[PDB]
Every structure is written in C-alpha cells, then in structure tokens.
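All protein chains but one are shown at their positions in the complex.
The chains carry the letters A, B, C and D, assigned in the order they are written, with residues numbered from 1 in each.
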Amino acid sequence: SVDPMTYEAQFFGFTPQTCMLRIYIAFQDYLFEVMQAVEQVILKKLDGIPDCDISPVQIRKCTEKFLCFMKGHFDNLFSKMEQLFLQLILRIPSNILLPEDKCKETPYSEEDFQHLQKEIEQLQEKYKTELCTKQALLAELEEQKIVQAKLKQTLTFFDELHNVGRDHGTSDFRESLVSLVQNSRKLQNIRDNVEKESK
Amino acid sequence: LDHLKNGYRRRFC
Amino acid sequence: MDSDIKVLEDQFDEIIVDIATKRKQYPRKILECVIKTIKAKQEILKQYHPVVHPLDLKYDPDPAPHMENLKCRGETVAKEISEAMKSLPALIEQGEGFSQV
Amino acid sequence: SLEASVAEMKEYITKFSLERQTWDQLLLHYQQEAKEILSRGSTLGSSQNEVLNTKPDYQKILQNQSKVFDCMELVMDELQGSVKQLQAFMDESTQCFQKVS
Partner (left out) sequence: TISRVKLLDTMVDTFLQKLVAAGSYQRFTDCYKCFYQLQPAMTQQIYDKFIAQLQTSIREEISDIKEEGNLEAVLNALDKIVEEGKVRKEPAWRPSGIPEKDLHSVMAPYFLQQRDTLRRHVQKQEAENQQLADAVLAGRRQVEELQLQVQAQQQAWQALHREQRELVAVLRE
C-alpha cells in the first residue's frame, strides 16, 4: 500500500492522487448543486397550492434521502472510475523510461565511475610528468650540443697538430723516430770503427 | 444543506 | 485522524512533488556546473605547459691561448727532427768515407 | 489497515526529506566547486625513466679533456728532450769526424 507515485510525478508535476481529490470535491459539489436546484425549484412550485399545504421540512429530508442514495452510488462509482484513472491514465507504465533520464538507461555503475575518476586524476598526473620529462630530455640534448662541440674542438686541435707536423717536413713522427734511431745506430757503429782505426 | 463527506484520503487501503 | 490525515497527506504530497522536481531538474543544473568545472580544470592544466626547468650548468671552456703554444713548439720539434733526419745520413757518408782509406 | 498505511507514509516523509536534503547539499556542492575553480585561474616515474636516469657525467668529460692536454704537453716535453739528446750526439759526431785532419 501507500504508493507515493514518485515517478508519476516529475512528469505531470502534481501527483495523480491529489488530482483525483480535486476532481472528487468538484464532482460532489456539482451533485449537491443540482440537488439544491431541484429542492428550491419544487419549493417555489410548492407555494402554488391552494386548498391544502404540505410542509417543507418533509421535502427537505425527502431531498436528503435521494441525496444519501446519490452519495452511496456516486461515491462507489467514483472510486472505481478513479482506480481506472490511476491504472490507464496518470501512470508511467513502469515499462517506459522518461526522456528526462535516458542516460540512466545504461547506468554507469558506482565502481566503474570511481575507477574512471581515479583514472582521470592519475592521467592528469601522468600528463604532468610527461611534459616535464619532455623538458628534461630537450634540456639534456641542448646541454649535449656543448660537449659535442668541445670534443670537436679537441679533435680539431689534433688534426691541426698533424697539419703543423705535415708542414716543416715530419708528418709522421713515429716513422721519423724509427728511421732516426736506425741511422743513429749505423752512425754509432761506423763511428766506433773510425775511432778504433784512429790510432 | 451540505453535510457532505469531506476528506477522501488520497493514498490508503 | 481526519484533519490530521489531511495535513499529513498535504505535506506528503508537497514532498512527493518536491523530490520529483529535484530528481528531474537538479541533474541538469548540477550537470551545467560540472561541465563548467571540467572545462576550467582541463583549461588550467594546459597553463602548466611552460614547466621550463633551466638545468644547464657546465664546466665551460678553457680555450686555446696555450693550445697554439704547444702546437708552435710542435712546429719547432717537427722542423728540428726533419732537418736532423736530413743531416745525419750525410754524417753517415762522412763516416763510411773514412772506413777504407 | 489505516495504522500500517499512515506508518508507511510517515516513514516516506522522512526518507524523501533526507533525499531532498542530499539533493540540495549535492547541488550547492558542485555549484561552489565550479565557482572556486573558475575564480582560481585568474588570481618522476614517467615513460622511459631509464633514459632520464642514464645520464653520463659531462663535466667530468670536459675535465678529462683539460688533463688530456696536460698529458700531451709533457709528451712533447719528453720529445723535446729526446731531440736534444740526439743532435748533441750529432754535433759531437760531426766535430770528431772533422777532427780527422
């Protein structure tokens, strides 16, 4: 029991039961209206009696009788008609989903949702590290240019040294040394022969 | 005359 | 009951239509807000793109004031051992010229 | 049973009360969140961490150059000594070989 019809509201915006109450009090008021009409119409025609008179207090409770009958049948029939109203009108079939909340048709679970939030934060952090390591790599390469050019400078100095050796006659020192020790050895030998034939 | 039923509870058995 | 049930059912109807109004039109306003806040967050994220850490430092160059000085002494020793290699075998010829008579 | 029905209704009133309260709280939450994030803007385990952690010392490299040149300098000192030791011998050799008269 006690159906609040929460989903039947939000669409209509009034709830069906309250609406049926308004309709009830209106219908009842109209029934009592036409009964008041017939009583005050028979009473004025009732003044057109000569010879004899018939009391109005009797006709009042006469109307009260017909009206109690009318409230029995009226009330019952309005209950049945009102339950038909709540069944086939003023009801979301429970099969139907409102266009207001279509995104809830495939609901995103609490766990998928929290998972996706954590993923979002952790991807913000991941972006934040990737950018500064971009800057770290780029900075290391710009720094690396300098040592590359300095080593090219020392290599330039060695090539310039072999150039300054090439000019002035001795491009390869090692060869010069091995020939100069060779002919130094010969000169030593022949020098000893000349000093030992010198006396 | 009134004396009409007032109420008609909306959501009850 | 009676009048009490009418007051209670009245406030109950009010809370039903109220919570239904919330259920309907609140997710749209909240959605508007969170769309603003998400655009704002992803916008302030890109403002961090200039991280710019300097790094750098270096041992700098100690250039070539003396580099040309040792290359110049290299010219000196180069020419010296060249002319020595040219003048020594002549002394070998003077050497074996005296080895017979 | 009127008692059971009015009971369920008097529980629903409080349930929907708590839900309305939660809706208002939540909505104003996202509201002031958007307000503060929109008013806030005005006023290292990354990919390839090995590449970042593998960083050879370049300063020590430039230092090693500065001492390489020193080694080279004493190399040419030893050379420039050996040359003198040689043509000293050449001079005494040519002198004693002209002493043959």
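Please note the rule applied: a contact is a pair of C-beta atoms (placed from the backbone, for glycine too) under 8 Å apart; a residue touches a chain by one contact, two chains touch by 3 or more.
Peer 1: Looking at A:124, A:163 or A:198, which makes contact with the chain not pictured?
Peer 2: With A:124, A:163 or A:198 as choices, the missing chain is touched by A:124.
Peer 1: Extract the touching residues of chain D with respect to the undisplayed chain.
Peer 2: For chain D, the residues touching the absent chain are 15, 19, 22-23, 26, 46-48, 51, 56, 58, 61, 64-65, 68, 71-72, 75, 78-79, 82, 85-86, 89.
Peer 1: Determine and list the chain A residues touching the chain excluded from the picture.
Peer 2: Looking at chain A, the ones touching the missing chain are residues 6-7, 10-14, 22-23, 26-27, 30-31, 33-35, 37-38, 41-42, 45-46, 49, 54, 58-59, 62, 65-66, 69-70, 73-74, 77-78, 81, 84-85, 88-89, 92-99, 101, 103-105, 107-110, 112-113, 116-117, 119-120, 123-124, 126-127, 130-131, 133-134, 137-138, 140-141, 144, 147-148, 151-152, 154-155, 158, 161, 173-174, 177-178, 180-181, 184-185, 188.
Peer 1: Just the residue numbers, please: which parts of chain C touch the chain that's not shown?
Peer 2: Touch with the absent chain occurs at residues 22-23, 26-27, 30-31, 34-35, 38, 42, 45.
The rule we apply is simple: only the chains that are shown with their structure count from here on.
Peer 1: When the centre of a chain is set as the mean of its C-alpha atoms, what distance in Å lies between chain A and chain C?
Peer 2: Centres of chain A and chain C (C-alpha means) sit 33 Å apart.
Peer 1: Quick check: how many Å separate the C-alpha centres of chain C and chain D?
Peer 2: Between these chains, centre-to-centre, one finds 8 Å.
Peer 1: Averaged over CA atoms, how far is the centre of chain A from the centre of chain B? Could you give it in whole Å?
Peer 2: Whole-Å distance between the two chain centres: 49.
Peer 1: Among the residues of chain B, which are close enough to touch at least two other chains?
Peer 2: Only 10-13 qualify.
Peer 1: Pull out every residue in chain C that's touching 2 or more other chains.
Peer 2: 5, 9, 12-13, 16, 19, 23, 58, 61, 67, 74, 81, 84, 88, 91, 95, 98
Peer 1: If you look only at chain B, which of its residues touch chain D in the complex?
Peer 2: On the chain B side, the touching residues are 11-13.
Peer 1: Would you mind writing out the residues of chain C in touch with chain A in their complex?
Peer 2: The touching residues are 12-13, 16-17, 19-21, 23-24, 27, 45, 48-49, 51-56, 58, 61, 64, 67, 71-72, 74-75, 78-79, 81-86, 88-89, 91-92, 95-96, 98-99.
Peer 1: Report the residues of chain A in contact with chain D in the complex, numbered from low to high.
Peer 2: Residues of chain A touching chain D: 1-2, 4, 6, 126, 129-130, 132-133, 136-137, 140, 143-144, 146-147, 150-151, 154, 173, 180, 184, 187, 191, 194-195, 198.
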